[PDB]
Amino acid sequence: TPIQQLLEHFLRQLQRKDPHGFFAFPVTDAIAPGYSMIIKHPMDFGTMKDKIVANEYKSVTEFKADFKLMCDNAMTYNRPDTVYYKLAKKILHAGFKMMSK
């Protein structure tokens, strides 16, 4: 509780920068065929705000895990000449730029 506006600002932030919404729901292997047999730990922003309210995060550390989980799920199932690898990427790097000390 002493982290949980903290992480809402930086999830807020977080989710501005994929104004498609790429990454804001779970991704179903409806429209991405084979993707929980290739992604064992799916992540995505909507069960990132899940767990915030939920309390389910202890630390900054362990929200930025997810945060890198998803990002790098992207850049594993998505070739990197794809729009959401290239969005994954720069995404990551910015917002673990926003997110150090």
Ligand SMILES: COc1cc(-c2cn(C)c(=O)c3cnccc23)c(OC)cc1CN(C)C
Contents of the next structure:
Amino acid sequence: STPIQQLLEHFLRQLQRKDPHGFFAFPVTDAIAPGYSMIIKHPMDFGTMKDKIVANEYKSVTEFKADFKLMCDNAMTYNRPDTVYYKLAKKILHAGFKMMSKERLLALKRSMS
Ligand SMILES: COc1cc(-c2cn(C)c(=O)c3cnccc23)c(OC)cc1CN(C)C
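Now show me the form solved in complex with this ligand, since the one above was the form solved without this ligand.
Whole complex next, starting from this chain.
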């Protein structure tokens, strides 16, 4: 494991704690959510992100944050605001962007000196 892989695994584990039922653990299928593929053209989930960390597919934290935001944006686009999925995606998005904020990353950058 590389220092980037270790850091991204840490960020991912903390995010996955917010989804205990595993709604974001694997890709959403049309069987589980009718007409999902008709609406969502760029699917994303924690499991896909996990495989990208393991395969060393993330060159930056920015790229990781973009996949995370995409996963939350998809759930907020497909599901209506009064749903469990939309509410959880908005909660997860807020938790991820405070944890991986520019301030938290600048403090990390400074500690790498
Ligand atoms: C009802 O349980 C599930 C829900 C979803 C689910 C997720 N998201 C993100 C959605 O937007 C969504 C929207 N509509 C319907 C369902 C979902 C799921 O997708 C991987 C898997 C399960 C199966 N479960 C045993 C883990």
